[PDB]
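So you can see what is in the structure, the chains are spelled out below.
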Amino acid sequence: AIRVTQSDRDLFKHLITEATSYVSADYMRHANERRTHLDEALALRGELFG
Amino acid sequence: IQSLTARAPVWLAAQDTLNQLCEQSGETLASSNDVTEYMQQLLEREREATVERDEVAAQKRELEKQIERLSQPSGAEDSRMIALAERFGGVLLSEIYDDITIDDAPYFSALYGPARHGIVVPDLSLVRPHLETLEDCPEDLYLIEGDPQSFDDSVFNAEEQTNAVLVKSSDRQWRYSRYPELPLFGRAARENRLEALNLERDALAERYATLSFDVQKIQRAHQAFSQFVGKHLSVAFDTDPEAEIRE
Amino acid sequence: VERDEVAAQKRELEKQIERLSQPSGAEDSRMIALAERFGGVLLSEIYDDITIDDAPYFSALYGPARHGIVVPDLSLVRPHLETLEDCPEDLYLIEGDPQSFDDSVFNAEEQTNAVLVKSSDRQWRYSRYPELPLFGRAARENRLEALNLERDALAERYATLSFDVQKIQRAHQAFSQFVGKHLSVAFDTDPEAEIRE
Amino acid sequence: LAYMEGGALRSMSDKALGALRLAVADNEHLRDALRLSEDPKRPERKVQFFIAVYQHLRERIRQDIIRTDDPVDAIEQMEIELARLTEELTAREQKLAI
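Protein chains in written order, with UniProt numbering: chain A, 248 to 297; chain B, 594 to 840; chain C, 644 to 840; chain D, 1138 to 1235.
Isolated chain A, as found in the complex:
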């Protein structure tokens, strides 16, 4: 039993970690890109109007 459960735990713990990091990092990078786009739009808008 200890052998089987050891294998299952190792598989779960490694695969879940890699999937989570790979997905979440890209998700946050998109969030930051959108923030940068909004900041650029507002800055250029402001100085253009003024």
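All clues given are correct.
Result set (DMTMM-like, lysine to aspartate or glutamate): computed pairs, CA atoms no more than 20 Å apart in a straight line:
hint	chain 1	residue 1	chain 2	residue 2
1	C	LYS824	B	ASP833
2	B	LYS810	B	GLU630
3	D	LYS1178	A	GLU280
4	B	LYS824	B	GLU630
5	D	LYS1232	B	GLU657
6	B	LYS810	D	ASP1207
7	C	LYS810	B	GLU630
To be clear, the hints were calculated from the coordinates, so they are not data collected in a lab.
Fit chains B, C and D to the known structure of chain A by using the hints.
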């Protein structure tokens, strides 16, 4: 803004770990002192669950020991009795009465009393030289004389009574035995009773499994909180930087 | 955890000592009632004062019959026998003078650390020397005191562990308070130099 | 991660992908999804890959001994099982027979 920005990521990591930790528990934490008091409650639950675990363990040990006494070869004080049975030209009495029915089993068990698990040896003088060597034996060994193959009822001054038996063991000595239930002799249905005991012990094993699992859960919860405070208090429960940066 | 462990063992010892109900080492009161119901006396009560040196020998000699009533008549029991239901499942009875109890009929022969008794026709019984014999009790106060010594050792160990835990908790509270009120400035440099600059 | 520059985020993403390629080598469904995920112009594909992973794990939980549907929570139960089983392994030593 620079100070707040440098501070922010640490506070955010700490908050994520804290939220995960408290959500994992039933109670919600709000301060250092609160976390400490939760530590104490966790310890109390440890030391209660462990007591129930140990008590159930004691019952399980008793059950296995009881089952084991009824096992083999003809359930008896098997540790030494089998060797003691062959080291003399004799046969174990309980083995001679292996086949008796359930109706006569209580009668015979009352009749033979403590001597149920003695050995039959037809001379009892051939043991006299061997006897001095017996340093490894039950504290009270019983020996009987008769034909092992067609052993006649040992001459007892026996007398049947209502649900009991009277016997004169010696001049100026009498023994009075009340009919027990589920006896030694008749080791055909005594397997029936050990079957009942197996059914009983299954439940104890299951319950013990659950209790041990619970104790391990509590111990790991304490480990998690200790790890947390080791890595976390420097910024725990501080004010949110997102708000102040926005301001 | 350790102080709880010691408390559990001390409970076990206290339970064992409590099991020494009366006078020092429990004796079944039901047997006293039975000895009252028939003219006679409990055998252990007759030999409760024999020397500790010979006590194991006597206990080996009597075997299961150690707990029994000395009834010199045996005529009172037989009519009352069918009336006995609360009695112990294996009741033992012996005939002799309770006041001056002559040696019970055993064809007893003494072996090295053991006894051999020809109980009946075609029956011998063999027994080895035990400890804590039922006879020669003399209250066996020395065993009660040995158990008390063990119990007091456990109590002392428990006391030390409780004291230690109290110390540790006090240190913990000190640190909690410190990080509650000085952590923000802990390990920083002296501001006087910067003020001078 | 909100307080980091994009270079570090990409470094983590790339190294995680490097690990994933090996972890997912044998499976085909997950391998197809991961393959589809790497075009930057279609973000939802990555979350779809994540969903595939979670469903695939949920089938393998073996609820005979476990009950949590979320695998991440199931890790703790596997840990508890390891501790308990290692404790049961200790000893009995009442060995004596014919």
